[PDB]
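A.B. asks: Listed below are the residues making up each chain.
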Amino acid sequence: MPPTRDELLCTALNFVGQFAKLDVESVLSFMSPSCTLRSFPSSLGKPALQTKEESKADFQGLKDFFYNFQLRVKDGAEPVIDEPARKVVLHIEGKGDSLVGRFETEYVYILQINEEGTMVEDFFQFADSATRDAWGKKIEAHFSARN
Amino acid sequence: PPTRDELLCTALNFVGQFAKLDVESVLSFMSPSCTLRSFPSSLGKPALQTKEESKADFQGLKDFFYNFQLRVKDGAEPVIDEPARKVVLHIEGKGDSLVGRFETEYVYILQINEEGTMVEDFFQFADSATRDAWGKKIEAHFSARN
Numbered sequence: 001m002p003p004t005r006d007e008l009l010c011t012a013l014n015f016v017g018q019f020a021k022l023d024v025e026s027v028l029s030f031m032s033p034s035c036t037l038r039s040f041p042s043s044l045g046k047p048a049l050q051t052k053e054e055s056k057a058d059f060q061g062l063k064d065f066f067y068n069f070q071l072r073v074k075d076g077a078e079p080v081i082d083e084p085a086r087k088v089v090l091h092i093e094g095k096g097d098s099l100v101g102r103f104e105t106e107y108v109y110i111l112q113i114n115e116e117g118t119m120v121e122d123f124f125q126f127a128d129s130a131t132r133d134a135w136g137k138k139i140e141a142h143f144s145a146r147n
Numbered sequence: 002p003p004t005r006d007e008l009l010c011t012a013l014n015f016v017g018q019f020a021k022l023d024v025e026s027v028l029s030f031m032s033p034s035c036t037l038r039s040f041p042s043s044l045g046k047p048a049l050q051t052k053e054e055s056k057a058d059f060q061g062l063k064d065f066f067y068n069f070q071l072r073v074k075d076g077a078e079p080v081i082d083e084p085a086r087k088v089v090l091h092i093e094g095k096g097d098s099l100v101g102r103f104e105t106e107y108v109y110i111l112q113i114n115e116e117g118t119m120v121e122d123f124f125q126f127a128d129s130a131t132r133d134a135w136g137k138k139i140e141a142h143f144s145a146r147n
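Line by line, the protein sequences are chains A and B.
Residue 56 in the deposited numbering sits at position 56 of the first sequence; the count goes up by one each step and never skips.
Count along the second sequence starting at 1, add 1, and that's the number in the deposited numbering.
Among the clues, some could well be false.
These stretches of chain B come out as covered by chain A in the derived footprint (C-beta under 8 Å, 3 or more residues) [said to hold, decoys possible]:
no., stretch
1, 13-20
2, 38-49
Each computed DSS-like pair below joins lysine-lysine, with the alpha-carbon atoms no more than 27 Å apart [to be verified]:
no., chain 1, residue 1, chain 2, residue 2
3, A, 74, B, 46
4, B, 46, A, 137
5, A, 95, A, 52
Covered stretches of chain B (chain A as the covering partner; in silico rule of three or more C-beta atoms under 8 Å from a C-beta of chain A) [as the list claims (entries may be wrong)]:
no., stretch
6, 72-82
7, 85-97
8, 103-115
Rather than coming from a laboratory, the hints here were simulated on the basis of the structure.
Note that the Cβ used here is the ideal one computed from N, Cα and C, for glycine as well.
The task is simple: from the sequences and hints, build the whole structure.
C.D. replies: Here you go:
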């Protein structure tokens, strides 16, 4: 039996809740081995697509640079669920206290769940590049100063 | 209720109106109650605005672009919540503008009315990367200005 609307939302929001653990592996453990990570908007030289293996560095950085961090569905933003496709669309806010101060960003996640309803097999994110890139610059200036 | 493909056709036709750069063709496929929700917050736009307030930004679009095209980005399957009458699309926008060649992209989430004919909620999440005076991203620092 295919996942129900409720089962799809459960797996998607369990995936989203793993980011706050800042432990690298809890997020990765909700991605199937063949999971495609897609990261938008497109930018020159940046790959749109990543393997699960390639994305582990990203979760390593979350751990290393944040005292705390949480992803949450924006209040009032009802999930959009394509039950046939096993897809959950979420308007997400990420907020945390980092090495270089407060970080508050947002995203659209589109999560495709596997047939079993247990893992994310396609992880689309559309990032708020203004805040992401600004924080990235602060991280670079911080490490450049530590030397 | 509106069908999957029925919601899809209405959504894609709404996206198709933007190239007209005439302000009114887009508004005419929105409902009088239709709201426009613009994200991310970093771009400084209201999280909520009226159809009337939005006519200003469509007039901006007309004045900014000589030509403009909105398309579903290649290979981006639409995401359709049939009971909610919502269509999620990954959109690319390209055109010749006052400051030159300009390209951007969005996620649209379009809620269609019960008749399956017009847009009742227009959610967009735009590319917020900083651009230089000619609309180019930092990675394009050395490319020709087109």
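A.B. asks: If a hint holds in the structure, say so; if it doesn't, say that too.
C.D. replies: Hints versus structure:
1. Check on the stretch 13-20 of chain B: 0 of its residues sit with their Cβ under 8 Å from a Cβ of chain A, so the three-residue criterion for coverage is violated.
2. Taking a C-beta to C-beta cut-off of 8 Å, the stretch 38-49 of chain B contributes 5 residues in contact with chain A, enough for the three needed, and the coverage statement holds.
3. Of the pairs offered as hints, the one joining residue 74 of chain A and residue 46 of chain B holds, with about 17 Å between alpha carbons and a cut-off of 27 Å not exceeded.
4. A distance of roughly 24 Å separates the Cα atoms of residue 46 of chain B and residue 137 of chain A; the hinted pair therefore holds under the 27 Å criterion.
5. A C-alpha spacing of about 23 Å is found between residue 95 of chain A and residue 52 of chain A, which places the hinted pair at or below 27 Å, so the restraint holds.
6. For the stretch 72-82 of chain B, the proposed coverage by chain A is satisfied: 4 residues have a C-beta within less than 8 Å of a C-beta in that chain, meeting the threshold of three.
7. For the stretch 85-97 of chain B, the stated coverage by chain A holds: 4 residues have a C-beta nearer than 8 Å to a C-beta of that chain, and at least 3 were required.
8. Counting residues of the stretch 103-115 of chain B whose beta carbon lies closer than 8 Å to any beta carbon of chain A gives 4, which reaches the threshold of three, so the coverage claim holds.
Hint compliance for this structure: hint 1 alone is broken.
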